[PDB]
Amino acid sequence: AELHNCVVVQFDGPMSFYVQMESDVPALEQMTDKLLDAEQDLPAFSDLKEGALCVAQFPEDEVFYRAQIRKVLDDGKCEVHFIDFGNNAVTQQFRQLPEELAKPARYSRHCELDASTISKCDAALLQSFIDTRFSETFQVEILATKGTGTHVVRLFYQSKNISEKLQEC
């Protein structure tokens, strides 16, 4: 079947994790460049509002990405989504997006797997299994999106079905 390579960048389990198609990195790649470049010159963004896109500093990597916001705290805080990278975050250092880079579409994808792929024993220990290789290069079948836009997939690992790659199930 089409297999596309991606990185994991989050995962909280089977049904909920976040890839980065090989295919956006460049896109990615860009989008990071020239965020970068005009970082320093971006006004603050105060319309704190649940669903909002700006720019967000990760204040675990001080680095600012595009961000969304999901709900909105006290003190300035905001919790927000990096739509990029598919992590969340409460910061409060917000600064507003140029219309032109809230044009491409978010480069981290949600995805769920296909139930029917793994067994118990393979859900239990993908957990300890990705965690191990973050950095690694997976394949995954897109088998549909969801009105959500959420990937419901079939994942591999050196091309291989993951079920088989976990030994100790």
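Think of the rigid core as the biggest set of C-alphas that the two forms share within 1.5 Å after superposition. Residue numbers count along the first chain shown, from 1. What changes on going to the form deposited with the partner chain bound:
Fit the rigid core and compare the CA positions between these two forms: of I142, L101, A38, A124, just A124 moves by 2 angstroms or more. Once both forms are fitted on their core, the CA shift for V8 between these two forms remains under 2 Å. Once both forms are fitted on their core, the CA shift for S23 between these two forms remains under 2 Å.
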Second form
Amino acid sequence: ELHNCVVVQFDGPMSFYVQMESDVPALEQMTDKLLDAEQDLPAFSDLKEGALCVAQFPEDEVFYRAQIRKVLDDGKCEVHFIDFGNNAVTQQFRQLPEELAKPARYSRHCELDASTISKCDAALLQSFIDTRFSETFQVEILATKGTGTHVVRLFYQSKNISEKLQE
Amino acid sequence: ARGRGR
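Structure of the form deposited with the partner chain bound, given the form deposited without the partner chain:
Let's see the whole complex now, leading with the same chain.
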């Protein structure tokens, strides 16, 4: 029971987000629809935590489904791109059609059993993972907590990455 | 990349 995915964001073995090779088809179509409607999307002003909408990714310049995580100053907010998993600060918000708000997030928050983490406590694991953003990893979902976060085992080319926390 | 933008 191992599914292909890609680690898009890493904050540790306790907090990271991936993109299941399964949901890619849906995600692409989402992006397609968002790119064509973008220009004509209305301005978004209800700026408060948890507010769903469409924010502009400073790097891409493209708008994506986002959730306001923290309201800062000068109309700048830290937002979380639900279909990716990374956050950013921006000032560009446009409304998200209800039709396009129905789908589920396309990036899944995961973590490894904390009970099996660190034998040497590897912070170089961050490096090992980031060095391979362009690569395909594998996960076996042990469960999904009431929060939506999967508890998982991480694999790279058949090898369990936890092995990178010990000798 | 992945479902990003063009």
